[PDB]
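Could you build the full structure based on these sequences and the hints that come with them?
Residues per chain are reported as follows:
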Amino acid sequence: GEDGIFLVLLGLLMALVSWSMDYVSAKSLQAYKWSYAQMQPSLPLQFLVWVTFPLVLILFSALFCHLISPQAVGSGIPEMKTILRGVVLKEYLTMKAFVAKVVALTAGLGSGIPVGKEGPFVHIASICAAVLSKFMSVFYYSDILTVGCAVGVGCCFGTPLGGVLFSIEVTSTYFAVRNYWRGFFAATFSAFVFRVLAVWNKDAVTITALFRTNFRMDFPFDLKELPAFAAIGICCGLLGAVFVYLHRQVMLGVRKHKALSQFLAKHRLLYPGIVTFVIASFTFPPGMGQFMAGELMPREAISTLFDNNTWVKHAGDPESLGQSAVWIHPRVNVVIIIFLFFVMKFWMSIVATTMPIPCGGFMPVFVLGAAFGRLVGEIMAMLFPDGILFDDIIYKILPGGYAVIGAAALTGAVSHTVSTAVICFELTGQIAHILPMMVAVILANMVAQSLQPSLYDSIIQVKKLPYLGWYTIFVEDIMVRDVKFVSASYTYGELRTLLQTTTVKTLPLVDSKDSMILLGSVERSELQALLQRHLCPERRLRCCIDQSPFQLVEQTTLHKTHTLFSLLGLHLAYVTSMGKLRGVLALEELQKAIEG
Amino acid sequence: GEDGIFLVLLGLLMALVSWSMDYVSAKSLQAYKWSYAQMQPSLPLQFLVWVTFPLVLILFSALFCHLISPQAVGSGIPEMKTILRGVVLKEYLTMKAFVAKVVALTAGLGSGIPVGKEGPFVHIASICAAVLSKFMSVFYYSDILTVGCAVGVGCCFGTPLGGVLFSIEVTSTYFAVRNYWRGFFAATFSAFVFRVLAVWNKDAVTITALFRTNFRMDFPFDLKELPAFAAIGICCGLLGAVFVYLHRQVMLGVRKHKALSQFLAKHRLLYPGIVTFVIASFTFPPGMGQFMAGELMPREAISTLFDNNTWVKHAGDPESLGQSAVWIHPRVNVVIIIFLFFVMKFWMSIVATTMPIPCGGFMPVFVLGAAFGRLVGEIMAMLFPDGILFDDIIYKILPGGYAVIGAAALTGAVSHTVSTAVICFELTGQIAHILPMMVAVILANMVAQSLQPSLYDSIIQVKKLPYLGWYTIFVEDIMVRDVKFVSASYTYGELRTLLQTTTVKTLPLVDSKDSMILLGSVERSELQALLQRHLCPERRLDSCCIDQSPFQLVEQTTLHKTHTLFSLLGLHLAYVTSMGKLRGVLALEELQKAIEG
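Chains X and C, in that order, are what the protein sequence lines are. Going left to right, the first sequence walks through residues 115 to 253, 262 to 590, 594 to 595, 601 to 672, 819 to 872 as UniProt numbering numbers them. Going left to right, the second sequence walks through residues 115 to 253, 262 to 590, 594 to 595, 601 to 671, 817 to 872 as UniProt numbering numbers them.
For the record, the hints were derived by calculation from the structure and aren't laboratory data. Treat the hints with care, as some may be off.
As the list claims (entries may be wrong) - As a list, the in silico DSSO-like pairs of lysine-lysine whose alpha-carbon atoms are at most 27 Å apart:
id: 1; chain 1: X; residue 1: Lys856; chain 2: C; residue 2: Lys836
id: 2; chain 1: C; residue 1: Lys614; chain 2: C; residue 2: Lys868
id: 3; chain 1: C; residue 1: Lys324; chain 2: X; residue 2: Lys346
id: 4; chain 1: X; residue 1: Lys324; chain 2: C; residue 2: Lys518
id: 5; chain 1: X; residue 1: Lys856; chain 2: C; residue 2: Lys643
id: 6; chain 1: C; residue 1: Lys346; chain 2: X; residue 2: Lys324
id: 7; chain 1: X; residue 1: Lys836; chain 2: C; residue 2: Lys635
id: 8; chain 1: X; residue 1: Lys836; chain 2: C; residue 2: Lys836
id: 9; chain 1: C; residue 1: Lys856; chain 2: X; residue 2: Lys643
id: 10; chain 1: X; residue 1: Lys856; chain 2: C; residue 2: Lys614
id: 11; chain 1: X; residue 1: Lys518; chain 2: C; residue 2: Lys324
id: 12; chain 1: C; residue 1: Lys210; chain 2: C; residue 2: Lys585
id: 13; chain 1: C; residue 1: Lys614; chain 2: C; residue 2: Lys856
id: 14; chain 1: X; residue 1: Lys614; chain 2: C; residue 2: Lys856
id: 15; chain 1: C; residue 1: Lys836; chain 2: X; residue 2: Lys635
id: 16; chain 1: X; residue 1: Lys836; chain 2: C; residue 2: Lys856
id: 17; chain 1: C; residue 1: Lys856; chain 2: X; residue 2: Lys856
id: 18; chain 1: X; residue 1: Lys346; chain 2: X; residue 2: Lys518
Here you go:
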């Protein structure tokens, strides 16, 4: 209803902003390709531009990322998933930086450097949610955050149900069912709006998701290479685990040393782009895309990975097909260029997410997963090129399903989740390999549970951002040992002293100053309005207390005190004994306890 | 791990049972069609058999439904969703009746009467979960129920993620994320096992879902009839609401009167089958399937609804295609037989779910939705038969997407949920109409929120099964005002009197008999084992401190928030003290009596 009006205005503006950003991204980067081709093939000058228009665009990006934004460098989802799990930072929830981030993200989005959209877009979507909530009540909190999360990811990719899942399944402990209905409503109306405008304005075809990967969908797998799918699970999780490890090996490499931070801060702004230099030194297409097919911006890259044809038998024919023509060097085998492509995008991608950019950890890992999938699909084409039979028709395999299941599996391994597979097929446009990708997602996730933590927990761990998860433990001396006193029986100056002596917003109220049994709470404005209604007749002059419930039992273990404030989601712990108040136990002290 | 071994053995045996039941259903009902055709087309004799093998199979069904099962008639999901939301009935969770239900359900499944599998299959899956939990700890509770729910629906249809959603989104308030991970793991391993065995043994093709409805999936909709999709939402929810109203009009008709219950109980077992008699009088194919396409068991019926062809232009050709040949009468228009088909399945389906059968409320509503959808798709083919253009190619519409979106939409209206759309496309095998069916599911659900309650809440309401949901309210005199007393300081007979005087399993323990400030709890077996270890040296002849009970109930806690209190705790009692001095014990059924007001 009115809440539905809140959700639909949220989703409509969110879809407008997303359409605008990939509109600018597409036009900018096609102009990059345009000028790069059309000037002249000059080994000084095209190497000059193959460095420098990424280099202008990306020190331009980091310029906007760092100067205008006082704090919004390196933003994402884990800080706000910590916010909903307790640590509120209203200073980090500034309206002014939202607009300051997103255009920087557009310079991240129009780049050739593989970056992730999803994190900071979710962050600014929650910002938008809070802003419209601020506009509400002119015509609770973790609900707003959760709806913002779901709306953000589902309005990135037009994937409704996968987005509301990726809100729910990782960034929560318990969940209120109103907010899924809100998120489903808003998310599907958003993804509706996201696609229709790309036909009303500048045109997609009609109602594709993004991607139609027309497989044969008729005798697809078959069930003979099927346990080989088991193999295509396993090592993915292993490599995904390895990814986080070297990321931790560079999270240390974030700030292992201060002397190079000083040598940095001699001119601090300049940092990331130099390795952009060397990856440009590893990306130049008549330099190195001779061996790698470097002329692949990531969206068309994953589409050309998804081409429904066998490249062993397109090593059979040298026919210039569409963009898949870039997958040919005429001498050396294409499995080798896929191998080197994969590994160089890998030790490019760790640094690509390393640099001070607000970035999600999705887009490069799914590309590398898709690479791994099409590698092994083409070697399966190598091993049995004959194919198998059906009723007077010979059917041979096609590798794009292997690529799409791996492109689910690796980011499922990175983020310790499963809805990566749902948005995988819901982005794919066909649901052929659906049960193989969920089974392989299971296998990758259990291997990841076996070895390594998640991406974002390791991020907040090494960043030491305050949370944490869930012989001698003795827990009694944590409480805060002073609470104010109120009685309502008063004359003039006694009511004034109750106003003046106190500081905080709302007020706890006990039974008596001696018994100290807490009763309820008080607002100051009510007292002041009582003083108003008292004042109204003067110059020759002619709501019961809502109750605070509980007591903390003085030896409540860290796991179960953590569980206590988890279940409450509430402010304090008023500790009494025999009703006589003992103290107030708080949250950051429990964080200091869980440090041990 | 070991918990994963629990889940995978659960799902494998569950899939074995599901494969067995639809194996028997298929073979039985194809033998029905076989003999019915193959004897002779005799207007006495085939009418005899068109009554009587439905009539033998279904009083056979109800025979097994009612005699062996003492209480399992009319089972389903709403009673167990009330169990997980509080009212535990261990006597209803008997192992012995699980096997007694399912074979009865197979006689319900091999029937020609449209019944629902999903409810009682979820019920017996939770039974299996609890049974294997009983087998666990030889090598909490609502977790077992929730996993059982997801495993049950996802192992009915081989639809994993829709099953774990339909577990979560309706049968909960809050939810612990370990149990969804458990349920999806088990659910997808189940749907894996469910499909592969239908190729290892007697053969499906390879790895279809059930259904491949090969639409063109290339220029599918297009976006010109698109707001008409809006139209195909709206009235569906209205219609879904109407269904529940008449269901309530027969839920009253369950027991509006006692004299016909007496006239019934003159021979009580006989009740449902007489309308089975009369549904044969409107289904007999050279009697009424002349007007009905009566030779349609529901699974092939919904598949032939999903045939990718235009029946206005197959009113254009009289070509005998496949099973779609039953959609032809050569004189009168097929939209008319679709209309009468729809309405007669409607006032068939109300009675089909009325009768004392453990039944889910999905498959007949799925048929009626698919009927309505292909109805409106073919009239859209009637209104603009020309089709539209694309790049030197004329494209005309095809109605099966309209049928599949309506087959989502109406049961989405019935059950007040959204995962009906996920299992709709995930059963469909293609995801063409994905955003239209979710949008239409939204429209149906908001119309349903506007008008009517859900199916199962109305069921437990009229059945008056104890729950309930969420000027002068004063809430202080609910508590139970006696608690026992324990001290641990004792000699022989004092410890024996503490053993003998008490009744319940565990024991609350207060500070002193005067201060009455509650401390913790006690087991009896610990007392008996200390007396044992004391006995051990005799005839010339320390590891567990008291674990604490925490809380106090504030004596005026409102019904909404006391309901919320026991919701958040999920726990037994409410120990009410004042100043620490214990006042009473507030319980759950008393709160149910309060929420009666």
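To see whether the hints hold, each was checked on the structure:
no., hint, verdict
1, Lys856/X <-> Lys836/C, "holds (26 Å)"
2, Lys614/C <-> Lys868/C, "holds (26 Å)"
3, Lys324/C <-> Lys346/X, "holds (17 Å)"
4, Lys324/X <-> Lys518/C, "holds (25 Å)"
5, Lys856/X <-> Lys643/C, "holds (20 Å)"
6, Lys346/C <-> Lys324/X, "holds (17 Å)"
7, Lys836/X <-> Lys635/C, "holds (24 Å)"
8, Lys836/X <-> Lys836/C, "holds (23 Å)"
9, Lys856/C <-> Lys643/X, "holds (20 Å)"
10, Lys856/X <-> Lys614/C, "holds (25 Å)"
11, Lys518/X <-> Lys324/C, "holds (25 Å)"
12, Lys210/C <-> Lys585/C, "holds (24 Å)"
13, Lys614/C <-> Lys856/C, "holds (14 Å)"
14, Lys614/X <-> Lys856/C, "holds (25 Å)"
15, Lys836/C <-> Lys635/X, "holds (24 Å)"
16, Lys836/X <-> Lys856/C, "holds (25 Å)"
17, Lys856/C <-> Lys856/X, "holds (13 Å)"
18, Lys346/X <-> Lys518/X, "holds (12 Å)"
In summary, the structure agrees with every hint in the numbered list given earlier.
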